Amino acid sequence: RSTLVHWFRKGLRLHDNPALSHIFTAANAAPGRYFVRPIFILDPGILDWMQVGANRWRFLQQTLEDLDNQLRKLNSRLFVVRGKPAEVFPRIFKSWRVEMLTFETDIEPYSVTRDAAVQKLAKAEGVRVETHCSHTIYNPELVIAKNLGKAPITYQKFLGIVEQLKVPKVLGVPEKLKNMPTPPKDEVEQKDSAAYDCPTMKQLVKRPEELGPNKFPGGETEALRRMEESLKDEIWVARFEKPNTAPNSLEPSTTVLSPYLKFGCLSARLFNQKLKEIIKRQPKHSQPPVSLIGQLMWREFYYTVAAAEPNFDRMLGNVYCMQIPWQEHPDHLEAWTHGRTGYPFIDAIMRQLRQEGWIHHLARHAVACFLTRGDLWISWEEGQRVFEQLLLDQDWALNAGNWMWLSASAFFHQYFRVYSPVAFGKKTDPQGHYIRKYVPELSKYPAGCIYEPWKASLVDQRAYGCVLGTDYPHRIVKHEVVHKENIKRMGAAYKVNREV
């Protein structure tokens, strides 16, 4: 008896999962011949390559638990194998007598390299490998092909391309396993009956004092519930315009499906299909780029440009990316990273980010502009790294692509438009409720100076119980001065890049 193995990496879901569905149908179309091992590999190598904060670890933990629960309902389970894939797969290929391995493809350079090696090993041991592109709606390879070998570098060309492509068929959940015994314990399982059980919170989250509120639980089950909840107001969905949603409302002004889409707890293909059903129902509706479908297309856009550039997450060696002489300032980087810039709107966002692991798209704009072309002139790579650690939705292509946009390094070139760290939040939160919540030391400042506490006299600062320089920092830079200087620095960088 040989085993069929589905390997979760992303695609942490039962629904719309062709790679996992094929495994299951095969076992049921040929009962008694196959064992089924759905596995997730706790790969220590990924930590040399990316940062993971406490909040995102918990999200993964919760996700793996939900996925194990969901597989049990199909007379299966999740096997979480600890170790490096390069060492894990030769062992289990033999110990398990693996006939077929399936997994969902990923375009990230660490994923491509790792997957190539696994496919070289699988070819050697005579293991059949079947891969499916289901993490994105469109296959980036086919978009680039249709565009004659190059990724479209504007959203509108990208839309023009994918319009002519076939939308894939969205699958349901696999059928339960008919009369399948629990696989026999292997070398590892026999010396430890729990060697493959889902990790506890204690095993994954080493810095539990960095956990923030538990607001967006991981898991396919929570993903589907949040999607349904978000789709209930079809008028809100149909008339969604991303630029007009507030960055600093106390409740999220958008869907917060990003962590789920990032891990594949939600199929982007399913979400897209559900969105197109409402749009059909609702004749007055928004259109890309501002619409909710437009939002999913932004995800497709960045995956397509990223798939063509292994150096997408850095300035050097990146075909898309303007070469800009960013400066090194460790103290300013530290202040931004910990929301101690002295600009309450910026600090509010960076603190919501650290504590909760999600901030609105335009709040990411605000803090990203400030770090880079706007105020501090620090590389977008440094902001990417902080975002990587704290974001629940940390996504290799989307984090890099949007940082390049916000820094005017790629895709966006109107660097003379600079967010004000004082004015920008006021449009949608003139009372500063968002600042009061995340910078509570300023909570007694009136709306007239809560965005600009340095406009309050010392007497009033003492009266509000928050003296600048003691209880809340002084501004680390003066926006009105530096952002004018940085526009000149940007223009010089643009000139140098144009001449080369």
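Here, rigid core means the biggest group of C-alpha atoms that superpose within 1.5 Å across both forms. Residue numbers count along the first chain shown, from 1. Residues that one form lacks are left out of the comparison. What changes on going to the form deposited in another entry:
Superposing the rigid core between these two forms leaves a single residue from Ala54, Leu42, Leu468, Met50 with a C-alpha shift of at least 2 Å: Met50. Shifted stretches between these two forms, defined as 3+ consecutive common residues each with a CA displacement of 2 angstroms or more after rigid core fitting, are limited to 43 to 50.
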The other form holds:
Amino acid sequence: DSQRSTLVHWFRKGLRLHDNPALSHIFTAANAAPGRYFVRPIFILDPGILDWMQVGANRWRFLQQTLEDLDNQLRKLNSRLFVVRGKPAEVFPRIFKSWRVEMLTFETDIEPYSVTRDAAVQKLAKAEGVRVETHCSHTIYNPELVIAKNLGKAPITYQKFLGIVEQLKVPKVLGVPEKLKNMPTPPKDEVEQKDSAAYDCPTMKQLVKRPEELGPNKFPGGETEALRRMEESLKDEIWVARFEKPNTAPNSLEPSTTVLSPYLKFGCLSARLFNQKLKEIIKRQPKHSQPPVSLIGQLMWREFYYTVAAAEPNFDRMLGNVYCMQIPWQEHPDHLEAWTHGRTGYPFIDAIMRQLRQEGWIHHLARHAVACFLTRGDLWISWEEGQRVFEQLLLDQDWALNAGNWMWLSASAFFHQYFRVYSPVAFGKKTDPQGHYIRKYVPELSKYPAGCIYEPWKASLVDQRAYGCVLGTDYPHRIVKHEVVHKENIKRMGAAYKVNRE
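Beyond the form deposited in one PDB entry, can we have the form deposited in another entry?
All you get below is the one chain by itself.
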């Protein structure tokens, strides 16, 4: 009857209860002063973007599942999730007054949109007397401290980055907040009085406006599934200890790596928790792998890309990007849409592009293959176009990680040995000589013998008819001949590399 002010936590990333310092500070404070505070954990959902085509339906569904899981977990603590519809610029001045907000917390984000939006709300909060407290728990280290320790610039090599963060101190990992005590549900504000369900978690139908893009629900969203999935990947301590990234297959029928990337992108899983549990396993396993190929090395790859991205607001762009080589990519809408829909005539990369569309995840080396094909390998199209397609279809779509890896693959930054080119025919044969992966995702070739399913043009016309799929009618011809265009493109990279040094 005497709760006079509301404490608010604001989810954007960090969609978990565990290891969430911003959220547990609100819960601790509320329990330390029983009867003074109402608590409101909020997510702000702008309905204007549900139609944006850069967010595929698979990612929308992941988000719906994550928010439901989050609301369920918060109910066990005598709270709940409040999903507020609106744009933050209009929501915060209302609830600041209406809920009499005393404190606001959230996890920090380095993406340029977030940085400016957060600065706006900080300004408004200072004016309105609201104390703001932010925490850096999306990453293991704080990119500003690593850039500081490096005398003001981001390290541009992996090994150098490791040298700095070795000097850094590792944050302590928190558990879950404790059940709220002596706290009734908050009284209804002006909009809850008009509709008691106005802040309820949205249904699938409300979030997924194009249900026809949905594929099979292989990777459910949310913290509960995140933690369950981590535990099973660590149950086999020897597999964890001897993990070597380049030796995992891109084209096995079940994933050869952890597929924790979607959960780390949304914050359903704490990277700091994952890192600590991995440290404990390395400790008691005397022969283990080392960075960069080890599992801890993979998390360090995430950390590296986040800190260089923090220093450059054009990280997702060629021009204005201080890291990125200026390379004269060409435009070809026909080649681009063929790549985009997995109709290039190279069965291996077509199968990758179709797994991506249907399922929303593909293995790291599968990404290397289709990215190299689109850019410096064959089509000579800008990595920005590949970033665009990946952004639509990837569950783990991440601003820094997508752009950084595309600049790497296209030899625009961080990696410069452009003479190495992946072969669209040969690369996958090493790990799937029978072509099971191709048969699953390119089912029109599923009756081809293994001796030509990677290169169906080697089959005669009589054989093609026997296999049930003739090139040019049931499956396209190669849109380019790899063995000639890749030689040309190696020359153009040398030309562009001269112009940049000069």
